[PDB]
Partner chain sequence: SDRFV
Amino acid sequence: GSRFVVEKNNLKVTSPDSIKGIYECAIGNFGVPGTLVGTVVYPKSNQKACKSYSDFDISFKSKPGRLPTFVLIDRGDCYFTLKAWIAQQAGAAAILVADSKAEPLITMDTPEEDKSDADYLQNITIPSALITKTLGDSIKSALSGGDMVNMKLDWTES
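Please render the chain's structure by itself; use the form solved in complex with its partner chain.
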């Protein structure tokens, strides 16, 4: 039941022209800070963000004068909250979690964690959004062709 009872927000893909437009996303139930413009990156390794990006020597910190980095992450194999923490530790300005199946948007919830891993939940700051498989696939196709994917996030509705 209540399969469509999701806190939806609009995002805008501003480039490339082929996929530019407004899309629905679901803001995660954690770490909500406003509008932010950034550029999307899909890493070649560690694509589910379940291990530290430091182990791969991967950083998403943007150089001065460039757009902040929104990292595109695949759903699966670990909690959404851990993905957001790990992307945050790697310097990403936001995380977009692409659903692994084509379905209505879902709300990324916070798990009940062991005492040894409870404190990071309080320390998540970066905006986190779940996007559809269809949009994730569209962004990946654009990036693999060499296009720059820019995006405006809006969490004012949250």
Given for the second form:
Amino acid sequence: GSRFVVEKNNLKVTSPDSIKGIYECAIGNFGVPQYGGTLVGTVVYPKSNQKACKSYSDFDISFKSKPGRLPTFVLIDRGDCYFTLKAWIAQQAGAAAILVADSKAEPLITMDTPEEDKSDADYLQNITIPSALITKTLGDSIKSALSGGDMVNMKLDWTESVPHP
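Shown: the form solved in complex with its partner chain; wanted: the form solved without its partner chain:
There are no partners or other molecules in what follows, just the one chain.
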């Protein structure tokens, strides 16, 4: 299918300054309420299981945020399994949102394949977290910032057909 809708205005990196800006993303239509909203969080790129095709419990990895601390957006690499399985697996591990970074530098629409965007309703209708495809360029920029010791904070704004501030 194409369940991931390419939007130019829906994803904002708020920190650090080096990568701060607004980026394109493809937001899944599932996992969000049917009304407008935003989610503010901080990005984690896991040490293992980076494609989220296995249980994070096998790795003793959890994304649950401590009370009072920003919700965790998990950065996940494209490959080996379909996108809603990645979202489901990240969700079981306590992720507040998932960003799936393309393995190729290319237009986002090309990443939404029939092989990776699957119709299974058990997965689609049980995802509760925002799920977005992002470019290799953004994925690499986020990884670079994180490796340098910076927190990467982000906002996902999904309200359709209205500009975002």
